[PDB]
Amino acid sequence: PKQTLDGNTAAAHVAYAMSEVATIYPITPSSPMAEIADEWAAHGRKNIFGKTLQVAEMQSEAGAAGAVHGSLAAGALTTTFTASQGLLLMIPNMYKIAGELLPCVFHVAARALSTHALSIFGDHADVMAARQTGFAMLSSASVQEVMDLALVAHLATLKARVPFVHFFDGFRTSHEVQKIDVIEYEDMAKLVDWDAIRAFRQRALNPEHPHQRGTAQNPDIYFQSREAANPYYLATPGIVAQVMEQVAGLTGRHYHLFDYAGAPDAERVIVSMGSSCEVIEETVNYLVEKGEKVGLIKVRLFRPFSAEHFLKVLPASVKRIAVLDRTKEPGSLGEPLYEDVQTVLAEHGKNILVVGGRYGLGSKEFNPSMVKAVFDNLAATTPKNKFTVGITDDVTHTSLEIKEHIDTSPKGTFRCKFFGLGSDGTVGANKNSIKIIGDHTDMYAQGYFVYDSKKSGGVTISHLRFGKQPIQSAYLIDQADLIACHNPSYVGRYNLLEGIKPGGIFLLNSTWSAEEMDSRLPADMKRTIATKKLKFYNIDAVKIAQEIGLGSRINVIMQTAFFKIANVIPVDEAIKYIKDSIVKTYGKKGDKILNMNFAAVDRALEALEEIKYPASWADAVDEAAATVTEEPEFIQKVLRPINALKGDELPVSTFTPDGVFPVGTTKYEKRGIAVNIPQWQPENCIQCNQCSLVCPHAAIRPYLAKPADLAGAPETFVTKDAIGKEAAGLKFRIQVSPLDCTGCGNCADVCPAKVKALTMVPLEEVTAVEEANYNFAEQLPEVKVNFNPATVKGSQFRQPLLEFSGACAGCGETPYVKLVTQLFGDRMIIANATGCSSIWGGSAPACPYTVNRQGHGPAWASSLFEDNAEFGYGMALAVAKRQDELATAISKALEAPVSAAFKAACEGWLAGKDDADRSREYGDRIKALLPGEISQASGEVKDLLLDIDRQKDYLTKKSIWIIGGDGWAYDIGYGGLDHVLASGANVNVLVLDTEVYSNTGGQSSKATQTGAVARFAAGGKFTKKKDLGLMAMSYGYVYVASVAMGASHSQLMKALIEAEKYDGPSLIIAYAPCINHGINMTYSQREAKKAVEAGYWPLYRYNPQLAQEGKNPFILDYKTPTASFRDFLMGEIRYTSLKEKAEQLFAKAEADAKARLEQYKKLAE
Amino acid sequence: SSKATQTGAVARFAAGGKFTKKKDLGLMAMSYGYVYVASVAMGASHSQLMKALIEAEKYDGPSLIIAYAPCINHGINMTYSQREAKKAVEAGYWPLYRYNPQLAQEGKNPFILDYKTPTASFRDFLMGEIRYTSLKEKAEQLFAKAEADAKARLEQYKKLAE
Ligand SMILES: CC(=O)c1sc(CCOP(=O)(O)OP(=O)(O)O)c(C)[n+]1Cc1cnc(C)nc1N
Ligand code: SF4
Ligand code: SF4
Ligand code: SF4
Ligand code: SF4
Ligand SMILES: [Mg+2]
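Protein sequences, first through last, are from chains A and B. Note that the first sequence covers residues 2 to 1140, 1145 to 1170 in the deposited numbering. Note that the second sequence covers residues 1005 to 1140, 1145 to 1170 in the deposited numbering.
Chain A extracted, bound-state conformation:
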C-alpha cells in the first residue's frame, strides 16, 4: 500500500519487523526511529516472530552497544538506532560485533560530528568514522530506498554473518515526508532465511552447550585468527546482490551494489552516495535530454567495496570522474569515497582522470545548479581537484563557481512554500495535506521542513511538492508555484516571494484590506506582485478564529485556504477530506470543539478574497532608508545576514578558524515576539525585585538612579522613592524590556503585592511608549549600592549577565543560571553540557552571556554530552596552573626594587589568593599600581613587572561552574560526574533537572519519576527515580542541596552561596519546569511551589563544613508537606495521558514520597 512516511518511520517499519530486541538511546535526528518503535510495542505490533519488540533504553550509546553485543551473543536478533556522537561511542563495541561475526543492523540517520562547533544536521562524518570497524555499510538515497534497503540489510546480515550499518542522510532523508510503497510484514517473512536464524541460535551462549568467546591472544595466533574471517567478507558483496534480487522480485524496484544512470556513452560521470544521487539523477536527466554525455554511479554497498560490482556498471567511454563526499577529513590526501574510486581504477590500469569534492556538510544545500557546476568542472581543460560545492571559499579557493541557475524539476510538479510561526499549526497542517493528497490521488507527494534555532516564535518554512512523476528533488524549493505566509510580521522582513514563478499564487494571512495594501506592502514586494502578475489572495484567519471561538489557532483555516486556490485536486473533494480529517483529529475532543473546526472550514472559504492590484504597482519606489546605526563589525557582517536568512551567502573568510564567538550578542536581536507585556503599577510595588528574579529572559529588571540623572527622562518614566537605608535619596523603578519579553506571564504570577503591580497588556498598544522607557533606563549610569547580595531584593540590583536567550517562554532553567551570573558572573567560567542549556546558551551566532560595564563576564564553553564534568575539571586544573605561574612571578617581585605599596598588595594577595573577596580586593590594588610601577622601571625589573602585567587576568580567583541537564547528570555523564565529585576539586555542579531529555523532545531518563509518561516510556516508568543527591552524600565531603526557586526564594539563596564558598565539590540539583511536562507556562513558578508543598520534590542542604564544626551536615529545609500528592500529579499532562494501570502507579509514587521524607527525617534526627 501507499503511505506518507519519512525516512525514520520507513526504517523503523522494517527494523521492527525483523528484530526481537531493540536497545536505544535518543539523539537527533535518529530519535524518531526509536520513538515510533516504542509506541508500536506499546500498542502490541507483532514482528515476524509473533511477538512485540522489546525496547530497552540504556544510559548511553556505549551501554546500548554493549547490550546489542550481549543480546546477539546470547541468541536474540537485535538492532539499534543512533547517529553522530552516539555512533562514535559505539565504535569500540562495533569492532567486537564485527569480529565475532554477529548478524546485526544499526540504523543511522547520518549527522555531522562536533568539531569546531556542534551541528545536529546531516552528513556522512559519523558513518565514515566507523568505516574500519568491519561493519558493512548500506546507503539509502530516498525515503523509498530507506524502506527497501533496510530490508536488504536485515536479510543480508543473517546470511553473511557480517553486521550492517544502514545509514541515510540526517534530516534531508530522515525527516523528509514522502508517499512510498510500504512493504507488508507478511511479505518480508517469506524472504527471511529461517535456516540462518536457527543457526544463529545455536551459536548463542548456553550452559548446555558452552563455549568461550572474546579471549585474549598472544602474537603467535592473533594475526592468523584475525584473517580467519576473510571468507565471510569476500562473500558479502555477492550475498547482498542476491538479497537485492529477492527484494526486486517482491517490489519490482531493482537495486544493485552500484547503480548507473545517464547516457550509456557518457564521458563525465559523478560517483556519489546518499540523497545527492537523487539530485544528480534529476540533473542527469535534464542534461542528457539536452544532449550532454554525462552519467552517475550510485554507491549502495560502500563496505565491503566490491571492485567487480563497481567496474561492471562503469561505461567504457568514461574519461573523467568527479567523486563527491559528504564529509571532511582535514589534512587527508582525499576523502574516503574519492580514495576508494582512485584506488580501484588504479588497480585495473584504467586511464581515467579522477577528481574529488566535498558537499553538503551539516545539511548544506546541494541543488541541481551545483550538480552542473560539478559536471562543468569535468569539462574544463584542467579540472579543479579537492574542491568544494555550495560555499564561497575565498581563502583557499577550493569552491566551484556556480555559473548559472538551471531548473531540472520534471514538468507537472507543483511546488509550495509555507512561512509559519513556531507551533502555530502550519507544519502539522502541511503534513496532513501531504497525507490527504498521497492517499487520494495518483500523485507523488513530498514534504520537507526548515526549523529555527529559536525555540519560541521561530520561523518555519515548509517545502511541499506534488507530481505525476517520482519526486527526486531532495533540495529546497527553487521556483515555487505557490507561496503562503501565515504570519503578517514576516511581510517586509524576509524575502518571501523569492523565485516565485510568473503567474504564481501568493497567499497572505492579514487583517489588511485591498486599499491598505498600497501602504502596508513594501515597494519591492508590490513590484514583484505586479510584474510577475501574481494572483494575490488574503484572509483574516485571526478574525475568523476569534469569532468562531477557536482563539488564535489558524492551522485549519489556512489549510482550507490553500486547497481552495492551489487547484491540486477538485475543491469539493478537498473540503471533504479536511472535515474527515477533522473528525480524526478532534474526535476525542468535545462536540462543541468539533463544530468549531467545521465552522472554520466553512467561514474560511467565503472569507478568502482575491486582491485586484493596480498595474501601477510595478513602478512603485522604495521609501528612503533611515540613517543606519553604527553597529559592531560582527553584528553588521555576521549576525544580521544570518538572521535575515542569508547565512549561506557568507564566505569562508567571515568566520574564525576555531569556532570562537563574541559574547553579549543577543541584546542586538530584539525579536519582539510577545503577545502581552507586563505594565508596572508604581503604587502597588513593594520593591521586592522578585519579578526580575523569575524572568526566564531577563526582560524585566529594577533600575536605580539619582534624581539628577532623571533630567532628560520621558514623561512616561514614572519612578518612586527607593526603600531602604542603602538606597536613601535614590529613585526606584521596575522596568520591562518590551522587545525582549516573551509574554510568559511568570512575573505577574509571582508579584505578591496586595493589588497586582503587574498586569499583562497587549504589546501593540504600549509598544511605542515602553520602547522609549527601556532605551532611557539602559543609558542610566552605574549606581553604587550597598545592598546585601545574599538577599532576593539585593541580588537583583546586580546586572544579569545571561539575557535574551532562545529558551521557551516561561522556561524553568534560565532563571537559575541568570541568578548565578548576578552573584559570581564577574569571575566564573562555565562548562555547559550538551542539551537545552547549550542550545539557548550557545547557538551561533547569538550569545546570551554578556558583560558588565567593565567588560567582564562568564566565559562559556561546551565540549560533549558525556564529558561535561571532566571538561570543567580540566579547566580547574589549568586555572590553578595559571594562578601558580602568576604567584611565582609575584614572589620574585618581592625581591625586586619596587614600591613599598606594591609589596603590601602583593603579600596581601599571596595570603588570600584563594578567597574570592580578598583576591579581588588585593588583586584590584595590584592592578592600580601596575601602570605606574612599569613606568618607573627599566631593564630586568621592567621585564619582571611586564610578566606580572601579562597575567593580571588571573589575580581574581575564578569560580568554575559545571552546568548541565538531568540526562547528562543522571545517565551518560554520571560516571564522569561521580569521578569529579569524589576528587574534591573546587568545582560547582549545577544540575537543571527537567526529568526528561528536554531538547530532543522529552524522552525518558533516570531522573524520571515513577509513572511519568514520556517518549521511550509510553506505558509509564515502573522503577522509581534514582536519588542522585543521596549517592553524592555517601562521600561525605560533597556539598549537596535540592532547591526550587518557585517554592522558596530564601532556600535557593542559602544553598547557592554556601555551595560556592565551600572549598570543595558542590552539587546543586534544581527542579526546572518545562513545556514537556504539559502545563501552562504562565504558572511555572506556581508549579514549583505546589511540587515542594505536596511532598513531590524535597528541599535539603548537606553542608560538609557543618561536620567540621561538630554539627549535623544534613539540614531539611522543608519537613512537613501541606498539599495533596495526587492533586499535584493531575495538574500536568505528562501524568494524565496515562489514564486503568495509572491507579497502580500513582499509589507507588505517593508511597515513595513518604518513605523518602521518612528517610530524610531519620538522617536529620
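Incorrect hints may have been included.
[To be verified] Once the Cα atoms are required to be at most 20 Å apart in a straight line, the calculated PhoX-like pairs of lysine-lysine come out as:
id : chain 1 : residue 1 : chain 2 : residue 2
1  : A       : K1112     : B       : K1167
2  : A       : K638      : A       : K589
3  : B       : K1112     : A       : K1167
4  : A       : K1027     : B       : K1027
5  : A       : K1159     : B       : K1112
6  : A       : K1091     : A       : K1026
7  : A       : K1167     : B       : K1166
8  : A       : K1112     : B       : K1153
9  : A       : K412      : A       : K469
10 : A       : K1166     : B       : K1159
11 : A       : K755      : A       : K721
12 : B       : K1112     : A       : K1153
13 : A       : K613      : A       : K647
14 : A       : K365      : A       : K404
15 : B       : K1167     : B       : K1120
16 : A       : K794      : A       : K707
17 : B       : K1027     : B       : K1112
18 : A       : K1140     : A       : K589
19 : A       : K544      : A       : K565
20 : A       : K1166     : B       : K1167
21 : A       : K904      : A       : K1027
22 : A       : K953      : A       : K943
23 : B       : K1159     : A       : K1112
24 : A       : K1055     : A       : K794
25 : A       : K1112     : A       : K1062
26 : B       : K1112     : B       : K1167
27 : A       : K794      : A       : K755
28 : A       : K1055     : A       : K1090
29 : A       : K412      : A       : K329
30 : B       : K1167     : A       : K1167
31 : B       : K1112     : B       : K1062
32 : A       : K1166     : B       : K1166
33 : A       : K904      : A       : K943
34 : A       : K1007     : A       : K1026
[Unchecked claim] Taking beta-carbon pairs under 8 Å as the criterion, some of the chain A residues facing chain B (in silico):
id : residue
35 : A983
36 : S984
37 : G985
38 : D1028
39 : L1031
40 : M1032
The set of hints was computed from the structure by calculation and includes no laboratory data. We put the CB at the ideal spot given by N, CA and C, even for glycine.
Using the hints provided, position chain B with the ligands relative to the given structure of chain A.
Showing chain B with the ligands alone in chain A's frame:
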C-alpha cells in the same frame, strides 16, 4: 590506583599515597532499595559467604556482591592469603553486611550487619602489608585520617541496622 583504593595506600599513580578515601560502592547501590548488596571476605567467615551467594542468586532482581580478593600487588605472603582476609575483617578494615530487599517487603529492616564489634587493631593491620609500609613524616598523618574514617563508617552501619 583506583577509586576502590583505600586512604594512604601506595600504588602506581599514587606515589604520595591516595588522599581521598575509598568510594563506598555498596552504600550507593543500597539507595535504590531493590538491589541486593552484600560484602563478603572468605578468610573471615565461610558461613557468611555461603548465605550471601545463595540469597543473591535466588533474589528476583539485581544483586551486587563486593568480595575482598587478596592480590600479590598488596605485598603479602600468599601462604596466608586467607589469613590476610581474616585479619582485614577482624580489624574493621573490610565490612561484612547483607542488604536484602525482600526483607523490606516483609516489614523488616533490609540491612543486616554481619560483623558488629571488631577485635583487631586497625593501625596494626596496615604495617603487615607492603603497599602501606612503602609510604614510610606525612604517613602517620594519613593513618589517623584512615582510622578515624573507618570508625565513622562502622558507626554508620550500626545506625543503619538500628
Ligand atoms: C543537542 C543534542 O544533540 C542532544 S541534547 C540531549 C539530551 C539533553 O537532555 P538533558 O536532560 O541532559 O538536558 P536538557 O535538554 O536541558 O533537558 C541529547 C541526548 N542530545 C543528543 C546527543 C547524544 N549523545 C551525545 C554523545 N551527544 C549528544 N548531543
Ligand atoms: S512576561 Fe515573562 S518574559 Fe516578559 S518580563 Fe515577565 S517574566 Fe520576563
Ligand atoms: S514582583 Fe511586583 S512588587 Fe515585586 S518588584 Fe516586581 S512589580 Fe514590584
Ligand atoms: S528546557 Fe524546556 S522550556 Fe526550557 S528551552 Fe528547553 S524545551 Fe524549552
Ligand atoms: S594475585 Fe595475581 S591473578 Fe590474582 S588479582 Fe593479583 S595479579 Fe591478578
Ligand atoms: Mg533534562
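Hints versus structure:
no. : hint              : result
1   : A:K1112 / B:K1167 : holds, 17 Å
2   : A:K638 / A:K589   : violated, 51 Å
3   : B:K1112 / A:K1167 : holds, 16 Å
4   : A:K1027 / B:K1027 : holds, 18 Å
5   : A:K1159 / B:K1112 : holds, 17 Å
6   : A:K1091 / A:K1026 : holds, 19 Å
7   : A:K1167 / B:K1166 : holds, 14 Å
8   : A:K1112 / B:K1153 : holds, 19 Å
9   : A:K412 / A:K469   : holds, 9 Å
10  : A:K1166 / B:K1159 : violated, 24 Å
11  : A:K755 / A:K721   : holds, 18 Å
12  : B:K1112 / A:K1153 : holds, 19 Å
13  : A:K613 / A:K647   : violated, 32 Å
14  : A:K365 / A:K404   : holds, 18 Å
15  : B:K1167 / B:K1120 : holds, 11 Å
16  : A:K794 / A:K707   : holds, 19 Å
17  : B:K1027 / B:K1112 : violated, 28 Å
18  : A:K1140 / A:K589  : holds, 14 Å
19  : A:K544 / A:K565   : holds, 19 Å
20  : A:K1166 / B:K1167 : holds, 14 Å
21  : A:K904 / A:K1027  : violated, 53 Å
22  : A:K953 / A:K943   : holds, 15 Å
23  : B:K1159 / A:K1112 : holds, 18 Å
24  : A:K1055 / A:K794  : holds, 14 Å
25  : A:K1112 / A:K1062 : holds, 18 Å
26  : B:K1112 / B:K1167 : holds, 15 Å
27  : A:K794 / A:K755   : holds, 18 Å
28  : A:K1055 / A:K1090 : holds, 17 Å
29  : A:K412 / A:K329   : violated, 36 Å
30  : B:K1167 / A:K1167 : holds, 10 Å
31  : B:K1112 / B:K1062 : holds, 19 Å
32  : A:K1166 / B:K1166 : holds, 17 Å
33  : A:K904 / A:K943   : holds, 15 Å
34  : A:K1007 / A:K1026 : holds, 6 Å
35  : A983              : holds, 6 Å
36  : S984              : holds, 7 Å
37  : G985              : holds, 6 Å
38  : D1028             : holds, 5 Å
39  : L1031             : holds, 5 Å
40  : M1032             : holds, 4 Å
Checked against the numbered hints listed earlier, the structure breaks hints 2, 10, 13, 17, 21, 29; every other hint is satisfied.
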